[PDB]
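Only one chain is shown below, in structure tokens, and it's the form deposited without this ligand.
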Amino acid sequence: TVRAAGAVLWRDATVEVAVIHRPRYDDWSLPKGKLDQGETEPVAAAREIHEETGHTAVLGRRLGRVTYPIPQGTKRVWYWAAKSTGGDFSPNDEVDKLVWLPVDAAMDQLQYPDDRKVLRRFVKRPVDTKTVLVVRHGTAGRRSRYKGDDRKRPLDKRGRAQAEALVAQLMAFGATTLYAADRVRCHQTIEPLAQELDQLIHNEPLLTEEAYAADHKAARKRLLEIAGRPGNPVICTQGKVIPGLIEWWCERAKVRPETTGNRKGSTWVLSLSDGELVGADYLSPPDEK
């Protein structure tokens, strides 16, 4: 019942991680806290890291889910690896001490078994990763009811709201460059993000459902091309293209999706290290759980 998110916030020492002390429970733990209304887990994680540690951070690989019982029902915390991009700590509302420890010492500092389990996930794969964000376009009504060229079918009111809600989510992962398939609804999905970054959306005719249907290899090739460029790209496409591209890349690399889906407005976070896939994390559409 109670949804939360947090992080292993790290910095280059080789790495040190942040362990926080809170007076209420006199505990040592990883920074995390509750989703506010309208936030998704990554949005909440980045926010809570800032509030509890004073550091700005960019989320990378997901580090699984923790659940435990509380007074208000059940607590569920999703965790991310999060690289500090700077900031400074000062005792605040929730937290009065913060220590940066190398992993072995941090393991001994962390008193909850689940936090230790999260830290063990953290060290099991590279954490200095780049991120490709594959997004299914937002809701766009029904083909049946669109009088016009279906390629031009726009987002509906709900999908416009999904597009706005996606900016904070995608920014949590340090999105830098934007790409969309050659359909109105894919471009509109990331046009709020484009404004926020003052970036142009590159058009990708090779990544439409039609194009992929006739040459899937050209599309795979384009994806790796895009992935190879500097930065963390966002690629917004249609439903029939995503599953094929995600399964292809996952089995290549023996990466397993803990969660999975393909809903309108959903995001796959693909984490790469030295060009090799090290995570594939499926995020629900920003207005579903």
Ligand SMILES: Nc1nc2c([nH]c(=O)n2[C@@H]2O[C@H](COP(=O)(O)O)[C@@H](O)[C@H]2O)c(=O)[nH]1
Given for the second form:
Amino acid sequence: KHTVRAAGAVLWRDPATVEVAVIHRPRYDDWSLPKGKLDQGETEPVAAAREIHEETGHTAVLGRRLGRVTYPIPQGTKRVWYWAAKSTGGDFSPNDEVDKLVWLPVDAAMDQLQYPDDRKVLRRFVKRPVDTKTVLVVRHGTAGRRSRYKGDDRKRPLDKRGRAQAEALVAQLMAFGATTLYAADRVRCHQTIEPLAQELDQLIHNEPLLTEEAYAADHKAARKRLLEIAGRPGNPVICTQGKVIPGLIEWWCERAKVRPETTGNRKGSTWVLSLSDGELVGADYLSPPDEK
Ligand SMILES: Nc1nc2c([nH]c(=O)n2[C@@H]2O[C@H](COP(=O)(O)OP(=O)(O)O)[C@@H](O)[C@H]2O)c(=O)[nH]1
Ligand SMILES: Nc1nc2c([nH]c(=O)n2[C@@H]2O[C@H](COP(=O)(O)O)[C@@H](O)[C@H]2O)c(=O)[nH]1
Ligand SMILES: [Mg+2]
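Since the structure above is the form deposited without this ligand, I would like to see how the form solved in complex with this ligand looks, so please show that one next.
Shown next: the complete complex, the earlier chain at its head.
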């Protein structure tokens, strides 16, 4: 430490036929990618989306994560996680902070980008498909402690913290354009995604096949259910339990030969599974919204 947390993006619009946005900032006279520090209570994806909008005028849908860049600054170390971000429209107007934005194909953007780490990010971007759909696998938020009773406490609810995580997850799941909601047949799973359900005004599909008991009883039915959900149109959120997620994630990653750059399994965490034509092309583990 001290680590100053930030996030940014390769903002793109219509493989390597797309155009990407490169910005110019007067204060530093640099050509780079949009990025900015996280505000109080923001996560990286929420900050990336916000900074794309504030600097370029565009709204966007985040997809694949593109790695991390660190460099020293007087306060310590700046850390920047980057996402591919598909433009959903907007218009750039110059300001004091960013006076120019150019939309360039990857090759010319490579030439325009002055920092080696930005070119490294853009190399990662072109490495895989960027027109992806997304499956968000979420482990439910904190819900106190398991009781002494055998098995699972079906009705045990989120605790105060878990409720806050559920609220903070709305903005992070919307940053990836979540559209449809699923939770394992436990109260704490449904409660984690209820604030998002309110915000989209949508129903949560119940998933008894994805509880810990059912995964332990019939792991192949769970796996098959996950792929059925993934196959539906739209970007599903699936909220389940700690003994389920690692095994489903490691199975999908191993069969699609996809390497996660980070890994964890914390309550309130999210896995961002990027799909192109049904093949897994990214698996990005995001910390709980109130952890680093
Ligand atoms: N945007 C960007 N700036 C970088 C990088 N590396 C790097 O050393 N810098 C420099 O870091 C300094 C601080 O820039 P930064 O954008 O991190 O600061 P701020 O959040 O705008 O205050 C500037 O002089 C940049 O030229 C980089 O990869 N991207
Ligand atoms: N504006 C600017 N451009 C720089 C710098 N360094 C640096 O390598 N370049 C590159 O110089 C080219 C553009 O110069 P201008 O048109 O003068 O902004 C781009 O290739 C940038 O990547 C720099 O500090 N300022
Ligand atoms: Mg910035």
